[PDB]
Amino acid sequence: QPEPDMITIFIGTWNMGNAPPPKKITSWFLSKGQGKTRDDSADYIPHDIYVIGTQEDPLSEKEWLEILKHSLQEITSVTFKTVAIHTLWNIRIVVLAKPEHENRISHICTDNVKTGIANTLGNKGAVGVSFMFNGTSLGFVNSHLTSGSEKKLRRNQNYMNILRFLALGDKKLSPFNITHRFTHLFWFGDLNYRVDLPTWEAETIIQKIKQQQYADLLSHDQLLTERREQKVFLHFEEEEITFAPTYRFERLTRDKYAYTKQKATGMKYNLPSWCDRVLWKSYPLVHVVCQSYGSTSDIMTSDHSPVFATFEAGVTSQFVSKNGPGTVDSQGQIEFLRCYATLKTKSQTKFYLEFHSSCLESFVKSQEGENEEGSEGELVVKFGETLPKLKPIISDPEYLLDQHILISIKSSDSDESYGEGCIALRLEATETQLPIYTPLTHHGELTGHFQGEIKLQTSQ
């Protein structure tokens, strides 16, 4: 039975509004309703992995698992295995997988982050799951961010705290946050970004939604605007939104948006908004294709509609050779030529690099680079041809060209990372000097760039 080179992943996010679900929720797992929907001809084909994020979830873990497994069994006639379940307050993540994947999945991690301080600590935050699927690392984050149209900057702060403090994936990747630890990272939830239009325009917005004319509303969506201005979710993708706003509905119908201020809302307006979102970030040149992104029309117990997204994702096999694992393959080498980091920092410490990759036995520390002043006020750290030659565990090009090198640039004085990035080994040529590039981030904000040339030797 051959190992897959592709899997499909279902991501669901639903703010349940503290109410039990209706008896039938299969439309969610089938990607049916509004937006980019799944073809009827696929309905019996199970996804490989189902990741369900809930917010304001009133069920026990047992109660929800029973509903989820019974839903998937009805659709697919497959009894899914539970990979992980993790709940913080009323924020929950469930990962289910086809039974045939049980002995492909390992290194399962769970964690949560509580956002806010005092007043604002006690209900918002994020839960996450990571694991290995054969050679491929997968991370999943379900966040419920701060509510309210006038709190976009709080949501951005919540995002930065979650990506700093959520402890998933390989703890040896110590310079790297969750935005660099995974081949594929899916981040979803009630992100709570709103359509930023005046309150007086509520009925106009409703009109537009009835006409399925979303363009003038999406141009005011806070998440799209904040992402365009590089304030949040830097280097993440989101499929185009072609479904109606998923909040705030009157319960038991989808015919009415309930936007007006009420005691129950703290006298806040809730103009129709795309609160409920799925974003992802995959390593460079890895196959990832969104095949659905939409909302259900027939699940009406909450003031939010459920959102679905499905993905094709490239995966690799757990490679063994006669040499690695447990030794180097001397027919393999990675040389970084004429590399330099450009940093936004005002500091004047010396810097060194760390190269991290599961194609190495352990991470590699470089010598300190040579600091120069850049023309427009920046720091340029030059590494020349000084960088250590990297010795991969396996030389086979079928393995090595699918790998990635994570780079951290660290201060000699503090050993703290000033920037993290990633280089694909999916090159146009081997034994050939080829340009490489990554942006560098720290705490998920842009701090610089790393560019140079690479020369990759494989056994072929």
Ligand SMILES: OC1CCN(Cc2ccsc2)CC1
Second form
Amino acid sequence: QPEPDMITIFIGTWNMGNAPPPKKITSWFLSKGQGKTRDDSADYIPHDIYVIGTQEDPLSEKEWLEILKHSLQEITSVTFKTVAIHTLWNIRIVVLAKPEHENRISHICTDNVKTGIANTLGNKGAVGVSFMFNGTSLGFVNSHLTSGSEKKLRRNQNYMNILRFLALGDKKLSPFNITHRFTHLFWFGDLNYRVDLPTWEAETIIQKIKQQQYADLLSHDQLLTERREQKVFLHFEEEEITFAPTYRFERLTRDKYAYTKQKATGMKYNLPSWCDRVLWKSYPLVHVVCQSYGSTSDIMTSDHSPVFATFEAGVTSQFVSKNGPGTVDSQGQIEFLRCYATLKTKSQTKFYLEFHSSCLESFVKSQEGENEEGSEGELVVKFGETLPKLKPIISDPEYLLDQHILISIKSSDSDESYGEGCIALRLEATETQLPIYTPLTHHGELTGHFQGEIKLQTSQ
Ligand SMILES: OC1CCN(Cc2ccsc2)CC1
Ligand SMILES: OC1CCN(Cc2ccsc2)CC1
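The form solved without the ligand done, now the form solved in complex with the ligand:
So here's everything in the complex, that chain up top.
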């Protein structure tokens, strides 16, 4: 049985509105309804991994797992295995995988983050799961962010607290937050960003929705505008939205949006919005293709409609050579040459790098760079040709060209990371000096850039 080089991943997000689901929810897992939908001819083909995020979930873990497994069994005739389930309050993540994947999946981690302080601590936050699938790390975050049209900044703060504090993936990657720990990271949930138009325009918005004319509404979607202004979700992707707003419906139909202020809403309007979203971030030059992104039309127990997204994701095999794991392969080397970091910091400490990668036996710490002033105010940290030659565990090009080097630039004075980034080894050539580049972030915000040249030697 050959190991796969591609899998498909189902991501679902549904704010259940504290109500039990209807007896049939198969449309969700089939990516049928509105938007970018899945071909009927694929209905019996199981996805490799199903990741289900709920919010306002009233069910027990046992009750929901029985509904999910039954649903998938009815669709596919496959009995899925439970990889992980984690619940914080009424926020839940379930990961299911085809039984043939059970021995391919390892290093399963779960965690949660509670957002807010005192008043604002008690029902919003995130749950997450990570694991290895053969040689590929996968992370999944289901977040229920702060509600209300006038709280986009709070949502952005919730996002930063979740990516800082959610402890998933390899703990040895200590300078790196979840936005750098995984080959593929999927972030989804009731992100609660709204269509930011005047209250008076509610009926106009509803009209536009009935005409399937989303352009003048998406131009006011807070998640798209905040992302465009680099306020949130920097370096994440989202498929184009081609489905109607998923919130806020009258229950038991989808014919009516319930937007008017009520005591039950705290006297807030809920103009129709795309609250329910799926975003991703994959390491550079890894295959990831969105094959569906839409909402169901026939599941009406909640004031939200379920959202689905599906992905092709590249994966690699668990490589063994005669040498590594457990020694270096002297036929392999990575040289980072004429490299410099451009930092936005106004500090004047010395800086060093750390190189982290599962292609190394352990992380590598450089000597200090030489600080210079840029012409527009910036700190430039020069490394010249002083960086350590990296000795990968396996030199085979079919392994090494699929790997990535995480880079942290750290203060000599404090050992704290000022910036994190990632470089692909999927080069156009080996034994050749080639340009490399990564932005650097810290707490998911842009803090600088790293650029220079790489020279990769493989056994070919
Ligand atoms: O693909 C990436 C670069 C191009 N964009 C930037 C953008 C446009 C609206 S929101 C964020 C999407 C992410
Ligand atoms: O000749 C002096 C300046 C250059 N260094 C090397 C260097 C370059 C970037 S970081 C360290 C050696 C001494």
